[PDB]
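Asker: This is what each chain is made of:
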Amino acid sequence: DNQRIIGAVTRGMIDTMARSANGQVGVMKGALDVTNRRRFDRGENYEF
Amino acid sequence: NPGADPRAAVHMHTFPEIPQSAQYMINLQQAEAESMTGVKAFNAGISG
Amino acid sequence: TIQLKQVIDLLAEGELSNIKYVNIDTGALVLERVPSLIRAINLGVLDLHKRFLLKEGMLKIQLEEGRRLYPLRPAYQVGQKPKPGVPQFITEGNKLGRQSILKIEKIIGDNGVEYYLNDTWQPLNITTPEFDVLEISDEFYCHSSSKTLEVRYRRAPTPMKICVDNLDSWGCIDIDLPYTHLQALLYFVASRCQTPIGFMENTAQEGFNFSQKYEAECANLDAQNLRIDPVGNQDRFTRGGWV
Amino acid sequence: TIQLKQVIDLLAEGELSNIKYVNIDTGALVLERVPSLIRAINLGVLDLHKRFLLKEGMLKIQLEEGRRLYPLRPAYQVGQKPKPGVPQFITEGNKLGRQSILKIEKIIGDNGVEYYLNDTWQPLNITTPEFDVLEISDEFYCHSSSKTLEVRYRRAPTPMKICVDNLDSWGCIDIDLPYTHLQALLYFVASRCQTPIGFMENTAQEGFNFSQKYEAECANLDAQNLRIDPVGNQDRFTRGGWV
Amino acid sequence: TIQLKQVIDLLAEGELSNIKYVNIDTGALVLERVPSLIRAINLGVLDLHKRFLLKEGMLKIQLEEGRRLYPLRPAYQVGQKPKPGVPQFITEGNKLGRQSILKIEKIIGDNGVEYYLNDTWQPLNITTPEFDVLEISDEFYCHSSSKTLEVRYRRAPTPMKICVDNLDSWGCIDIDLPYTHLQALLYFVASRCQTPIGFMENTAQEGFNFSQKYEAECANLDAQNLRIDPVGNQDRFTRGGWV
Amino acid sequence: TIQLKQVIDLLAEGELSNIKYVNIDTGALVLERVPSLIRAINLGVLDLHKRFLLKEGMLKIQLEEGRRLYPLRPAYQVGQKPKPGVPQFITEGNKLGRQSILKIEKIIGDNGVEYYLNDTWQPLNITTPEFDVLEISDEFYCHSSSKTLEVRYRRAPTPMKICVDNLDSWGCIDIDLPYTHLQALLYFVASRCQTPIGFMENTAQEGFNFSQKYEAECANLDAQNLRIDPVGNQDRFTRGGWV
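Protein chains in written order, with the authors' numbering: chain C, 389 to 436; chain c, 437 to 484; chain B, 2 to 244; chain b, 2 to 244; chain j, 2 to 244; chain g, 2 to 244.
There's no promise every hint is true.
[Stated by the list, open to error] These stretches of chain b come out as covered by chain j in the derived footprint (C-beta under 8 Å, 3 or more residues):
#, region
1, 32 to 41
2, 44 to 55
3, 193 to 201
Hints listed in this document are in silico derivations from the structure and should not be mistaken for laboratory results. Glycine residues also receive a C-beta, built at the ideal position from the N, C-alpha and C atoms.
Could you put the whole structure together from the sequences, leaning on the hints where they help?
Answerer: Spelled out as structure tokens, the structure:
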């Protein structure tokens with residue numbers, strides 16, 4: 389029983405951390421125009 | 437111009453914040469491996 | 002789940018009494034715009050079936066290897082008219098009509114398995130490209146092990162056909178509703194009929210008032226919970242590991 | 002997903018009864034502005050297909066090395082009219098019309114890979130310069146290993162062609178919609194037709210009221226979820242490392 | 002991305018029916034103010050192309066050492082009229098018109114490098130002094146290693162030329178738009194035409210109402226995401242160091 | 002950046018149709034108040050150039066030791082009229098007009114250095130006492146090592162001169178604007194012309210409404226970012242120490 393429970397809990401924690409959306413970045417529509425969007429992607433200063 | 441204080445008008449992006457769970461998960465995995473093998477390796481930190 | 006049309010019209014007299022549909026100004030008696038009344042009532046019934054489940058159906062599709070699209074239309078269903086260009090593969094279930102499939106909900110194979118619907122990247126996904134058609138990929142045939150399917154879906158009844166000779170009785174027609182939603186349907190029909198009439202201050206708002214009462218009644222039915230509502234209780238303990 | 006035009010007009014009688022479109026003042030019977038009514042109904046159907054998916058299509062492009070722009074127009078599609086100046090490279094899929102491509106969504110190669118659409122700096126990116134054209138860079142040809150493509154896109158139906166001789170029946174025409182969005186389409190058409198008429202206080206607001214009801218109905222359909230909605234469940238566990 | 006002018010005018014009949022533009026008071030039939038209608042529709046199309054991308058173009062400039070200003074005008078473009086005083090250095094790309102360049106966005110050299118635009122103090126910066134001219138400093142020539150340039154920019158279509166003899170048909174002209182932005186264009190044109198007419202309480206607000214509906218429709222299109230939208234995914238891992 | 006005056010007037014017909022400026026009450030055709038219309042349009046263009054950059058210019062001043070004030074006026078510029086009392090020291094740049102200098106922005110020497118403008122107590126500060134004059138202190142001559150200067154400034158175009166004989170065509174005149182700001186200029190002109198007319202409740206507010214729409218359009222252009230906008234990226238790493 390202890391082995392089964394520990395396995396279940398560990399699998400649950402792995403699933404929670406893995407099926408998440410870590411790494412992606414989201415931007416509100418209409419906050420940046422096309423040119424400023426390109427600058428922001430390029431990695432220089434921009435305006436919002 | 438008035439109505440736009442600099443502390444909100446300008447913004448300097450920095451690294452995001454790592455959540456407190458990745459640290460715990462790494463520690464858990466390393467401790468489990470050490471327990472399984474039986475050699476502490478004086479590791480997961482300063483070799484001393 | 003039936004009601005005589007007679008009772009419906011007699012009651013709708015009590016709320017359409019202001020207007021042309023049902024009354025001579027002298028000796029108020031029902032006219033012969035009954036066709037238009039029926040055409041409105043059918044729309045009301047369909048709307049109620051949209052808002053609450055009240056029904057569900059079943060089919061049974063016999064698979065055929067190498068097929069890509071399976072449409073669910075009343076020309077492929079057993080007992081219907083066998084159009085020569087189509088093979089009749091729907092072999093069992095409620096008789097299909099023009100408005101019967103509001104939404105497909107469950108797909109169960111012959112083995113008791115439960116496939117996935119519109120859940121992309123799932124193991125054996127089934128996609129509906131046109132809301133009444135099943136698109137079955139080849140990987141399904143590769144790992145299917147199932148020779149038939151069972152489909153469940155949200156239904157709406159098929160209205161009875163009125164006829165010019167049937168104008169004699171019109172009272173043997175049976176609307177398909179529980180009585181609760183009858184009380185609601187009255188308000189629906191009254192609003193729809195009363196909207197385009199009247200030019201006085203208080204008589205120009207009857208349609209709006211009836212719409213408000215209709216919404217209130219629908220909310221009350223939801224609160225009283227007089228419709229079907231499945232609630233899921235998985236096992237989670239027989240997978241092997243959660244115990 | 003079809004409805005007889007007859008039923009539509011008979012029902013729209015119940016909400017256009019105030020105005021010229023459908024009624025002689027005496028003995029209210031449908032006039033012969035049916036052409037204009039059809040032209041309005043087609044626009045309504047297109048709008049509903051904009052708001053909800055309700056459909057999706059498929060093509061199959063046969064690649065040609067050294068090509069830069071592939072337009073998707075009904076002159077390049079097999080079975081259409083073969084304009085001599087163009088090579089017919091679209092070899093399979095739903096018949097293309099003037100309004101069929103609302104948006105390209107997925108591009109799948111012959112190997113099962115999934116390419117990227119308008120995702121700059123991604124490995125093998127495909128760019129749409131003009132919303133109906135695929136721009137394929139040379140690096141794609143350098144590392145493609147795929148001789149064909151499969152495209153999926155959001156569709157809108159092609160309206161049926163009315164004709165002056167067809168003014169006889171007009172009732173065999175079939176609108177392409179589920180019945181739910183029929184109930185919504187009624188309000189759309191009523192608002193559009195009733196807007197430019199009336200000079201009295203309460204009669205100058207019917208168009209606005211019908212617009213409001215149209216929006217409310219669209220919201221209700223969204224809430225009831227009577228349209229297609231894929232939901233993604235990636236694996237994330239077969240890449241090698243997440244286990 | 003085309004539509005027949007015929008359909009446009011037939012539909013705009015349904016919203017301009019109140020006024021002079023399209024109707025004789027008796028037997029409502031289109032007048033011959035079609036020139037003014039076309040001049041309005043072209044403005045509407047330009048506005049929509051301002052609000053959403055919907056297009057993008059390409060050029061190719063052949064550099065010349067020691068030059069300072071490169072204007073992008075239809076006299077320097079190959080295949081146009083070769084004005085003697087100018088050397089035709091734009092050797093490839095979409096045919097240039099009076100309104101084609103809404104904004105320059107990308108500059109890519111022959112080596113695949115990507116130069117900077119209006120980013121002061123950046124290594125190899127390119128400045129636009131007059132919104133349609135490229136100013137190239139001498140340090141660019143000092144460290145260029147590129148014999149040509151490729152330019153991308155936001156486009157707007159060139160309207161077709163109407164003619165007094167062309168008043169015969171006017172139905173072969175083709176607006177360059179997807180159908181969605183057609184539905185929006187209708188409201189734009191209706192507002193513009195209806196603004197300066199009417200003196201009654203409810204008839205003095207039609208222009209304002211149509212403006213409101215136009216804005217609402219633009220917002221809905223933005224929400225539905227029916228326009229082009231690149232999204233950047235840099236590598237950041239091949240510079241050498243981030244791994 | 003040009004537009005034919007003809008198109009402008011034809012479009013402004015569609016919004017000035019209420020009033021004297023453009024219409025005979027019978028057979029509405031443009032009058033001959035075109036001089037006043039042009040005088041208004043020039044003011045509109047100047048206002049738009051105030052609100053957005055859209056342009057920038059360049060000069061080149063040849064220094065003279067012991068001089069204190071350098072005015073920038075079209076009598077000192079090469080190629081202009083050489084007034085005997087003044088030495089012509091502006092030897093290169095865009096032709097200067099009465100309204101060309103909206104604001105001086107940058108001063109760059111022959112060595113590539115960048116001097117300071119109106120920054121008191123800075124090493125080599127240059128002061129503008131009268132908005133079109135450069136005051137150069139003697140310390141500048143003491144430590145200058147530069148025999149010439151290059152000036153950049155925000156420009157506004159010089160309007161074309163209309164003439165009584167030119168009243169023949171008036172259609173070869175070219176306004177200097179991109180088309181976007183044309184759409185805005187329409188509202189500006191309409192508001193200015195419609196303000197001082199009308200005595201009825203709804204006709205006394207057209208000027209105000211057009212002003213509101215003008216402001217809204219300017220805000221929309223700002224949001225869409227259809228004007229020039231430099232953005233600074235200094236080095237900060239080559240001074241010696243920040244690495």
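Asker: Check each numbered hint from earlier against the structure, then list the numbers of those it violates in ascending order.
Answerer: Structure breaks no hint.
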